[PDB]
Amino acid sequence: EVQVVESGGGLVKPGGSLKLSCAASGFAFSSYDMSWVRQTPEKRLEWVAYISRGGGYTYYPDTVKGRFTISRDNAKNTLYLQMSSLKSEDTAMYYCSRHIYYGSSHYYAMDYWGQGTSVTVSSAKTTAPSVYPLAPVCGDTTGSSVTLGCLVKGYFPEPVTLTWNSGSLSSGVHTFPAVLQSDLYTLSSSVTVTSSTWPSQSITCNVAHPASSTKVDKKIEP
Amino acid sequence: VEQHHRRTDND
Amino acid sequence: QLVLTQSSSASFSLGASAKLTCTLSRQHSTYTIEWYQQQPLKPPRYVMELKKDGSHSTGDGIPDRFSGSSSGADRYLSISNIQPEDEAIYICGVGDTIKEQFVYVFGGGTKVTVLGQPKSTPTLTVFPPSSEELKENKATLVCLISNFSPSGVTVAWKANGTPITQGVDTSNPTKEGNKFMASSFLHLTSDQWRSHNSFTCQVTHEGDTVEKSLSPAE
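Residue numbers (the authors' numbering), protein chains in the order written: chain H, 1 to 52, 52A, 53 to 82, 82A to 82C, 83 to 100, 100A to 100F, 101 to 212; chain P, 404 to 414; chain L, 2 to 27, 27A, 28 to 54, 54A to 54D, 55 to 95, 95A to 95D, 96 to 210.
Check the hints yourself; a few may be wrong.
[Unchecked claim] If the Cβ cut is set under 8 angstroms, some of the chain H residues that face chain P in the computed set are:
1) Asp33
2) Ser52
3) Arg52A
4) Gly53
5) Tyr56
6) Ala74
7) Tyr97
8) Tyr98
9) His100B
10) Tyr100D
Derived by calculation from the structure, the hints in this document are not laboratory data.
Each residue gets a CB set at the ideal place from its N, CA and C atoms; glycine is no exception.
Please work from the sequences and hints to get the whole structure.
This is the structure:
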């Protein structure tokens, strides 16, 4: 099937630079013109670069002209976006998008879009989370199920990755949206298990934060 | 104003 | 300049026939445009390309329920028998090449709600401060709010039955399967946690209220 897979997003400081790639598969990539479109945290879409199927035409809007360079390697079925002199307002989700085959329309429609890669340009300070185990108040241990949790407190930037029992415990897991307070995120995940399994069996949350190169495993104890 | 086609190699 | 104008929101009853309007700037009133659909947690999806005469060509895997038409500078997306999965943001898009400069303009998007769906009431999970955090003289109470639909909730906290204003942080709701979820945190000192008889997470959703309380005692 048609796939376009973006990678390369991350945190960069203002003035910094970053290079995004988009691997295409499942269609004849060198027959298609390609663009990068970004989406702000407030959800507004903005077209930021176009390159034709053989690379003869490239265009950019005024907001990135002179800072961004789009290119492609047809031998590897890959599109790139080199970004430099980055500004805080370049923070956005970046999508690689395929224009409709030119034989179908000579106009502009973007008929397939990737899942996106997230870019954050910020001078806010990188901070590893504090990770606390959440066991229920005694009053909440009397059910047929029991819900344990994990509090991931005060980190920046997003994301963290969180699993339970290293990924082997997957059913009944819910990881909740983070709040943002003073340049630091906070989130919590929970796992619901039948009350016979805990605490007779072990339940641990695994919290990685790539940007600080940290990882914490917290066993939930009564 | 009349809309123009996008340009692509060998069009 | 080249401009696309669309309402920021619309709602329609489940099963109804819905119509969205995108309007072109006057001097571009003859342009071919596209419609995109963005559902929560997904990229935009191509719906159709639509011409000044109303003829259109729809993208892969778009139901027969979607169709397009036009009237002067207006471009319409019509959805017969609107379904719960048609809840999405709809965005129109339009291109041109002017003096050999490519330009591409998006509308602001129309956030579409499908009314008349059956409700789902929030379930609350509340956690006390860990002893590990309490040792640092801090207490974060956690309220995890899930399985609700539609997505609008209002969250408030109480201590001994009296409202708390300060130290509350409540997230936006996020889609999860066919419902929503959200979280709220109450930040206290250890002395505050220890000194009250109870705290309550309280969630208002569509005329209903759900509360769950916990106590430092026993």
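Status of the hint placing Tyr56 (chain H) at chain P (closest C-beta pair under 8 angstroms): Interface hint status for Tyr56 (chain H): holds (5 angstroms vs cutoff 8 angstroms).
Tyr97 (chain H) as chain P interface residue, shortest Cβ-Cβ below 8 angstroms: Violated - the Cβ of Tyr97 (chain H) stays beyond 8 angstroms from chain P, reaching only about 10 angstroms at its closest.
Hint check: 8 angstroms Cβ-Cβ cutoff, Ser52 (chain H) to chain P: Nearest chain P Cβ about 5 angstroms off; hint holds.
Closest C-beta approach of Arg52A (chain H) to chain P relative to 8 angstroms, hint status: 6 angstroms, holds
Hinted contact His100B (chain H) with chain P - closest CB pair below 8 angstroms: 4 angstroms, holds
Interface hint compliance - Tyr100D (chain H) to chain P, C-beta minimum distance less than 8 angstroms: 6 angstroms, holds
Proposed interface contact between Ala74 (chain H) and chain P, which counts if any beta carbon pair is under 8 angstroms: Because about 16 angstroms separates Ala74 (chain H) from the closest Cβ in chain P, which is outside the 8 angstroms limit, the hint is violated.
Cut-off 8 angstroms, beta-carbon criterion: hint that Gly53 (chain H) touches chain P: Holds, about 3 angstroms.
Restraint satisfaction for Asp33 (chain H) [CB to CB of chain P, less than 8 angstroms]: Holds - the Cβ of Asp33 (chain H) comes within 8 angstroms of chain P, reaching about 5 angstroms at its closest.
Hint status (Cβ of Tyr98 (chain H) to nearest Cβ of chain P, threshold 8 angstroms): OK, holds: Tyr98 (chain H) within 8 angstroms of chain P, min 5 angstroms.
Checked against the numbered hints given earlier, this structure breaks hints 6, 7; the rest are met.
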